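The task is simple: from the sequences and hints, build the whole structure.
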Amino acid sequence: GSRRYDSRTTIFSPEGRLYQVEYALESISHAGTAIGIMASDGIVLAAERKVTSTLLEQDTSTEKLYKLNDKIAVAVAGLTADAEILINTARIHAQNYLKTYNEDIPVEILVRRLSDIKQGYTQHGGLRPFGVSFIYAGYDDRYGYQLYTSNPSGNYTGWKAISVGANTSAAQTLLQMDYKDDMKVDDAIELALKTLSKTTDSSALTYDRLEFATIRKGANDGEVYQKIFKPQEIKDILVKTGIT
Amino acid sequence: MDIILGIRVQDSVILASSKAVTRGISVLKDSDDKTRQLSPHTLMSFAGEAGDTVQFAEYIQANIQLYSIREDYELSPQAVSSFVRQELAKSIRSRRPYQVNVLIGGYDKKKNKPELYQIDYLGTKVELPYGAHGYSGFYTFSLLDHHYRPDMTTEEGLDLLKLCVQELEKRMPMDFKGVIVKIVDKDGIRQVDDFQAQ
Amino acid sequence: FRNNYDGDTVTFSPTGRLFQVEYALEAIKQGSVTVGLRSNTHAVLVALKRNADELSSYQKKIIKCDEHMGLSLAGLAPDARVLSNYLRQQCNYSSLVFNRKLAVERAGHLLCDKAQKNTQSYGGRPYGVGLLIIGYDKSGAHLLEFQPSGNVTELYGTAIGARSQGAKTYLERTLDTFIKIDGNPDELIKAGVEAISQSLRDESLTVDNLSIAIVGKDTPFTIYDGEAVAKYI
Amino acid sequence: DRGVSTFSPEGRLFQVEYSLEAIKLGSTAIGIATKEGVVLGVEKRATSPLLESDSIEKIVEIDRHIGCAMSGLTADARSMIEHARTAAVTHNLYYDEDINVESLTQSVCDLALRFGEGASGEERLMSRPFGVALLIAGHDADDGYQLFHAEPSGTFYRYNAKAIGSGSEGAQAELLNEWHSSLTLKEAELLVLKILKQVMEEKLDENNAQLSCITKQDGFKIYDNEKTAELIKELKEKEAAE
Amino acid sequence: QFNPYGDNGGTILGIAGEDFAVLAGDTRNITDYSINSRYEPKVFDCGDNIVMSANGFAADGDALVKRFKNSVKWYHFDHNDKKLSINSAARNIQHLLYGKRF
Amino acid sequence: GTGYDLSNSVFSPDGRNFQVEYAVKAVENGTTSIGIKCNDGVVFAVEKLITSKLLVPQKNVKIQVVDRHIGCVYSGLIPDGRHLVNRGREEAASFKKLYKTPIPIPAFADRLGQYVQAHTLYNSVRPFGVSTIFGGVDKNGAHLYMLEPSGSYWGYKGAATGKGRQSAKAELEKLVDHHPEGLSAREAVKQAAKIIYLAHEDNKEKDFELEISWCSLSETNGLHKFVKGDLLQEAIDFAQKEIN
Amino acid sequence: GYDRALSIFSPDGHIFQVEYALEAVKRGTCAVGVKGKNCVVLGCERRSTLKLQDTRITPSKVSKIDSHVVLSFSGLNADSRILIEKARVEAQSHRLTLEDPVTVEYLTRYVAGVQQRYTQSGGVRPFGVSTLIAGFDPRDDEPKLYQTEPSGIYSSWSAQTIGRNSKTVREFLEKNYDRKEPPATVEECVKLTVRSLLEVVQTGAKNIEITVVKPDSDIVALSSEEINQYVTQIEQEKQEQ
Amino acid sequence: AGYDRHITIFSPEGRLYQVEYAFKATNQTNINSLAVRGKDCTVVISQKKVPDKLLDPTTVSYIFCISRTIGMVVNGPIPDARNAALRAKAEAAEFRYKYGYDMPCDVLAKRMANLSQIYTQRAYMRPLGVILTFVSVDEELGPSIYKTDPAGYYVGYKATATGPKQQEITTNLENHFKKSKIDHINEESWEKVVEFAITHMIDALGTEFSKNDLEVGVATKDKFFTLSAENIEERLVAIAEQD
Amino acid sequence: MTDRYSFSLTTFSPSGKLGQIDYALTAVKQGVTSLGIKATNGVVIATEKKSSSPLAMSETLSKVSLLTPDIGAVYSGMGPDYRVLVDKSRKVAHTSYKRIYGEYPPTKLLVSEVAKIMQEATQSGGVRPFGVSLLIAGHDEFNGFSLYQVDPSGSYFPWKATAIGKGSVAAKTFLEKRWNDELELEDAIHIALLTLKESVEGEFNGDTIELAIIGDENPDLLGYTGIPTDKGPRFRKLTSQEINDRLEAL
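Residue numbers (the UniProt record's numbering), protein chains in the order written: chain V, 2 to 245; chain Y, 1 to 198; chain B, 2 to 234; chain P, 9 to 250; chain G, 20 to 121; chain D, 5 to 248; chain H, 3 to 243; chain A, 10 to 252; chain F, 1 to 250.
Just so you know, these hints were derived from the structure itself, not from any lab.
C-beta: ideal position from N, C-alpha, C; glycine also.
Derived EDC-like pairs: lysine to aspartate or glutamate, alpha-carbon spacing no greater than 16 Å straight-line:
hint	chain 1	residue 1	chain 2	residue 2
1	H	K28	V	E16
2	F	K17	V	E23
3	V	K181	H	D56
4	F	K108	V	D60
5	F	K172	V	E58
6	F	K108	V	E85
7	B	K30	P	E18
Quick list of the computed label-pair ranges, beta carbon to beta carbon:
hint	chain 1	residue 1	chain 2	residue 2	range
8	P	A54	H	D142	23 to 31 Å
9	G	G25	V	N97	49 to 57 Å
10	H	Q243	V	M178	36 to 44 Å
Shown next, in the form of structure tokens:
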């Protein structure tokens with residue numbers, strides 16, 4: 002029969018581990034770094050563009066920061082292609098919730114469904130897991146600003162500051178060294194840029210190799226706003242934080 | 001039909017519902033409660049076809065309780081009413097539709113306001129100060145159109161109700177065996193066990 | 002060698018063999034002996050029922066499929082159930098639809114084809130039981146030997162199971178004698194019991210150890226056990 | 009690897025065999041039949057002192073005249089019990105009569121070989137065989153009191169006395185000598201209680217052991233701790249008696 | 020339109036004695052004003068000393084008897100030739116019938 | 005590498021299908037059977053080994069009929085052969101049902117061919133362990149065919165397969181050369197009984213029973229029928245005589 | 003589609019995939035439950051491999067199946083969600099069809115069944131989770147504590163622990179809990195639980211979370227303080243000697 | 010890991026061995042074939058080797074009539090040859106039924122090619138050990154030759170050859186066209202084009218043929234037919250009276 | 001029968017790689033070179049028609065295909081895989097867009113669709129990834145012109161210019177030098193022909209080079225008149241002749 006070529010992507014190791022999940026994480030470890038820092042008045046998402054060129058069109062590019070809702074966004078680390086299949090089902094789940102309840106989907110609810118989908122490939126189907134880890138940055142009126150992270154295993158947790166992808170150990174330590182609860186958005190923005198700047202495997206941290214997004218509640222309005230920075234925007238903020 | 005009335009005053013919603021259950025020639029019961037609590041601050045009255053009526057209400061109940069447990073949070077009335085309108089709008093175009101009309105009354109602990117929703121078996125939903133299903137509306141809407149004020153107190157509202165129940169016993173053909181009243185407010189849902197002479 | 006070609010039934014060995022099927026056949030040889038023989042008027046089955054402890058019972062070896070047909074088994078008892086049960090339906094279908102008794106020759110063809118299906122598709126497993134079917138139809142008495150491979154054969158007599166060769170030889174020898182035991186069941190049954198005791202060794206056939214089945218001209222396939230088989234031991 | 013429904017060169021089904029091994033590692037279970045009823049006994053076997061020993065159910069009721077004891081992977085027995093119970097109640101709904109003990113047994117055995125990844129015989133969906141054996145005991149108007157041994161192989165035998173589980177091989181030997189067609193229910197009760205004491209790693213008491221029986225008059229009943237504790241005492245005494 | 024049902028007349032009678040019972044029926048089969056047969060048995064011996072008769076629409080009557088007898092056959096196969104009690108037969112027939120309640 | 009003979013649809017480096025070849029082993033090892041295409045029909049003959057005196061004579065019949073005008077005989081795994089015939093029977097019924105006309109031997113051939121060829125396409129099935137000789141009379145003549153476990157088949161004047169496969173092929177070729185003008189059905193029957201007796205020398209260890217059937221326009225009315233009684237004894241003698 | 007038999011027998015009669023499922027449990031954080039005389043308490047530890055978490059939002063370890071029953075676990079987190087959800091739905095369904103909330107014993111037996119099922123169903127691996135289910139039956143005051151594991155086995159305990167170093171904390175409880183006289187107070191029952199966890203938590207005020215369940219849907223989860231206090235008082239018990 | 014040679018998945022070099030081994034099976038018949046385009050007809054030549062004397066020569070063939078206008082010649086084992094042929098005939102009939110006009114030779118090729126590409130990507134489907142040469146006189150394209158392989162590749166040709174000695178036949182024609190400077194055989198009648206085909210076959214393979222060593226197919230406007238022993242015998246004589 | 005390969009044939013290795021996607025990319029590397037360049041008023045894509053026999057007619061084959069009247073594609077890798085992907089691409093542009101909004105999809109989205117197809121061929125049961133990479137170029141009213149590259153992994157990214165296949169490395173470098181954000185379409189066509197010349201061993205003429213452009217609307221290529229808003233396809237494949245004429249000003 003076919004049993005001969007079956008990798009059995011869904012079994013336990015003698016140590017009670019899930020090979021595929023493990024290996025998929027190993028894959029994610031070589032993915033561009035992404036950090037999520039949650040301040041008191043907003044949230045910040047920043048990621049490093051893996052592999053770039055003089056010819057790469059950056060104004061049209063987006064390989065790590067995706068808008069799911071109007072109040073929820075995600076930073077990706079892993080297989081972009083895999084990420085999209087999941088990103089799209091999330092955008093739909095978001096809309097269904099709205100259509101049914103006539104209210105915006107609570108950040109955690111969207112996160113749990115997405116993580117349940119991953120968990121599935123982990124327990125049945127003989128299919129490989131999604132080589133992806135997410136940092137969800139959203140806001141709702143039941144918990145306000147929230148920062149979540151989910152990985153191939155289908156598990157998710159909340160964070161004040163967190164990073165995924167490559168050099169996470171280094172990034173986490175640096176964050177764990179300078180993060181303060183009373184932080185402000187711009188503070189977070191700086192801590193963010195600086196952390197990357199120190200974990201980067203590249204020479205310097207230029208704007209063309211970055212993606213930036215913030216979820217703030219512009220006082221002169223009263224509504225939370227998502228802003229995914231444009232190349233010229235990242236370039237400015239880059240000079241200001243003193244990285245020129 | 002049965003008597004299903006609903007009135008939203010200043011800080012609460014009042015639901016009146018006939019206690020009679022007649023089957024053909026005989027009135028089988030005079031103490032029937034045509035209502036289900038969906039959550040600590042959301043009550044739903046219903047009237048319609050013999051089986052559909054309860055099966056739908058309980059089904060809707062089970063789902064809202066499940067959402068509460070799963071989210072450890074209580075869905076706003078508005079949201080609960082949207083879930084219900086959806087369920088009926090599905091039912092209307094299904095194989096054997098639910099013939100049930102409902103009134104949904106709840107207190108939004110976040111907005112700190114009472115809300116009343118009227119939804120029919122077609123999935124028609126509308127928000128109102130006061131509403132009713134069946135023929136009841138026919139004699140009570142003009143009463144309320146006349147004597148209703150948004151800032152009325154629960155007491156004032158309970159009187160306006162007694163006024164309606166009176167007109168209904170006077171002009172309506174059927175003996176509906178009185179009504180069961182319930183109040184929904186910031187503190188929850190309680191029944192006015194003394195209206196049979198209030 | 003053999004290790005690389007016996008993982009399932011959908012694989013042929015380089016010499017054109019189907020081991021899984023062959024291992025199945027093995028289950029039969031490991032099974033308790035049973036004998037079958039017929040004349041022109043009757044067909045008989047004789048089986049040696051085996052037991053677990055001395056506190057246990059002697060597992061049944063003979064199953065009736067209809068008023069004119071039945072079989073004895075050697076091997077996986079559960080499979081005999083599945084197969085005899087399938088044969089019962091087929092006997093039943095013939096009655097209900099055509100108001101016709103299923104011919105033994107046809108029952109055999111049906112069995113063969115059912116078995117075969119389980120030796121050419123992935124996922125299946127051959128049956129691990131051997132059957133001796135006797136029956137009286139429009140063309141007289143009949144005896145069939147069914148093997149898990151799918152091969153069903155019509156004989157005058159035969160035996161299957163552990164030490165079966167003893168009885169088979171005795172029959173192969175007594176042929177011209179028993180094939181003529183017409184109008185006398187008790188005699189065909191004795192030639193039956195004798196042939197089977199030719200495969201004994203461990204013990205001697207007792208009353209709650211021996212089992213006889215007989216079908217024929219005016220004899221609806223009936224089974225005999227215990228006290229009933231007394232007059233033959 | 010090698011199909012779950014593969015045949016060994018000796019003519020056996022690997023999965024079924026391995027299944028029997030897991031059974032040997034199971035708790036002890038003994039059954040004795042007498043013209044006065046059938047007695048079933050099991051070793052609770054608590055993996056800790058904090059474990060409430062009576063939440064350990066290894067003897068269940070199929071019907072009022074049928075009960076069974078289980079040995080081996082017991083979570084597996086759950087669906088077998090449900091099936092057995094349904095089969096018993098169902099037979100009654102359709103024939104307005106009690107299900108014969110053998111047929112109830114035969115019914116359970118029919119689920120046994122229903123396993124594989126595509127076995128060409130029907131729609132046998134169940135990845136592996138059951139890892140538990142059963143002792144079925146009851147009474148019916150056709151063959152009175154009966155004890156049955158049902159295995160993951162799909163076959164079953166009838167016994168006058170039978171023990172399955174970790175101490176079986178020896179305990180069965182005991183029964184071979186002890187049993188006799190004239191035993192009384194009480195005798196069988198003490199005998200079961202005695203054999204459990206011998207094979208048990210623990211000191212037999214009314215908390216890591218449990219009895220029960222089936223009588224035509226009161227049907228299947230499971231002895232509560234007190235009733236058992238006493239029988240245990242009455243056993244120690246007659247033993248020291250010589 | 021196609022009418023799946025018909026009427027073949029006939030009448031049956033059953034009386035129970037102290038140690039016996041009788042089940043009788045005429046042997047006429049009709050269709051409207053025509054006689055299909057002056058002799059077409061309607062009462063059958065299903066075995067285990069059980070006599071039966073399903074009267075009304077002959078096609079349905081035979082289908083039922085046939086199905087019941089087939090039930091008695093398997094009852095034997097299943098419960099080692101145990102005799103099917105008259106009351107058990109009764110309960111079984113109730114299921115045969117109600118099985119086609121619609 | 006190696007192991008190209010463990011799965012049924014795999015091509016070895018030289019482009020073969022070992023499982024199919026092994027299937028042939030099962031065939032060559034079987035009883036010998038032949039077909040002779042005469043001037044207005046075809047004759048089928050087969051060797052039936054008497055494994056013991058216990059086998060009832062004239063019973064375990066091998067030759068099979070498809071519909072009313074087609075005859076089949078095969079060597080190898082018997083159960084496999086019946087399975088093939090059963091499929092031909094439905095295959096034929098299906099054809100007649102829609103086209104009214106009984107199925108032409110040529111068309112029937114390809115029906116069997118496509119079926120068998122199909123069992124060499126997937127590793128979830130095993131190839132047929134039988135080579136089949138079949139044929140009959142149709143709208144335009146008589147046809148003889150032979151189908152190989154690989155799915156291959158061609159039209160023959162004479163055909164043989166099994167243990168005595170070479171003795172026969174030799175004898176058949178002799179007939180072809182000594183009858184450029186054709187052989188009659190009557191003659192093909194006797195000439196067939198001989199070929200079996202001669203091909204039985206590669207199995208001379210066990211005794212055997214002969215079986216012949218024919219489909220002749222002038223002898224059977226284009227219908228398939230077994231040669232029994234007298235005509236059979238006659239051919240039996242004609243062989244017994246020339247065997248000495 | 004996919005139906006490969008993943009949980010099968012090996013020569014020694016073991017289902018390795020189920021055993022490996024248990025190993026995943028041994029690795030998960032620790033969880034404990036002790037029943038008092040009028041309540042049941044569940045305590046769980048929180049990993050520290052990383053700390054910069056937002057405990058507000060981060061999913062907690064003790065879940066409510068219904069208003070009178072809770073469930074904590076040890077093993078893979080993702081896998082727990084599937085089990086919790088299934089049991090939550092069964093809770094509502096049972097009310098609807100029987101007009102009466104599930105008993106703790108029942109809700110437990112259901113969860114165990116799901117697990118057992120995943121051990122002999124083709125195409126799926128067993129759940130890398132073991133659970134503790136506690137609460138009070140409807141209109142009953144006697145506390146209930148149950149435990150389930152991948153194999154599908156379950157039973158009730160006076161106190162029990164699962165997870166890493168559960169071997170330790172179990173020993174602690176085995177020689178600190180008397181069935182004769184159970185922690186007659188909600189207070190001393192919460193204490194015996196923190197004490198038992200401290201045996202392995204190694205100073206972790208923010209690493210320990212408690213939840214007390216009382217008869218008639220009275221469930222509440224203590225905050226760091228209420229817990230921290232218990233820790234403080236316990237450390238003095240040691241020093242005062 | 011080493012099973013990237015048993016099913017159709019990638020090997021480290023980015024190759025699909027099973028596809029390659031399938032190609033290997035195409036030469037199994039040890040028969041060569043070639044096709045050339047006339048001015049308004051297409052001809053296909055193929056060797057025919059009936060060794061056994063018990064065979065009925067009339068039943069042996071690797072040339073198929075897919076439709077009234079499309080003919081196909083197969084280089085490979087016969088069971089895969091017939092599977093491919095049947096599928097093509099069905100695809101032909103269905104196409105007519107659905108679109109109201111006869112399927113064009115190139116299209117049928119593209120369809121069979123895509124069908125092969127699938128066995129290349131799906132693991133449970135093995136490729137077919139055959140190369141398919143389709144020919145006709147398309148109502149829009151004219152004389153056409155389209156060939157497909159187990160890889161799912163296909164293209165049109167001025168002429169083409171397939172088989173063990175494929176390369177000899179190819180270079181031969183290659184030269185003829187390098188010479189003539191035109192993409193076809195400037196001949197009006199098909200008999201002369203059949204003769205040219207047979208001739209160059211002989212020159213390239215360096216062999217003489219009898220009337221039973223060949224198999225010829227011709228595609229003309231609104232019809233594709235195959236020649237009989239005699240039709241060839243007559244064609245063979247013609248080239249003989251030129252040498 | 002019945003596809004019993006319901007499991008992934010592409011799984012994760014202990015190192016974290018996805019073998020088949022890797023090997024698939026290797027196959028892309030081996031393939032013939034093909035490139036793309038975005039100008040200010042058009043885009044151009046080209047490759048080499050590497051005839052596989054002088055007897056084969058390279059015209060009866062397109063390496064540069066039309067997806068919609070404003071989107072063209074080209075590849076590097078396995079021809080048959082590209083072929084079926086073009087068909088699937090043309091279909092999905094209809095079934096999932098034109099049939100809903102009554103207008104052809106915009107480059108990014110159609111590209112997004114193709115990517116999804118490939119991604120699934122990376123995780124679905126019993127299949128291997130696609131052994132090709134595509135350079136898709138097109139234009140839509142709200143996005144202007146664009147050029148995307150889609151890999152077997154299912155990933156894709158926008159480019160000002162780029163190349164793939166055999167001499168991609170060399171070609172890329174050469175392009176990075178010549179490209180600027182002020183190129184007119186003709187300039188890019190010229191640059192294209194230049195870049196291509198390096199990767200071409202043998203002949204280099206309009207019969208061995210296949211090139212197409214996404215430029216202005218060709219009303220002359222519409223086929224009908226009388227509908228103001230319908231201005232004609234922007235995608236136009238160049239003719240053998242058109243190529244040579246430029247090869248002279250090379």
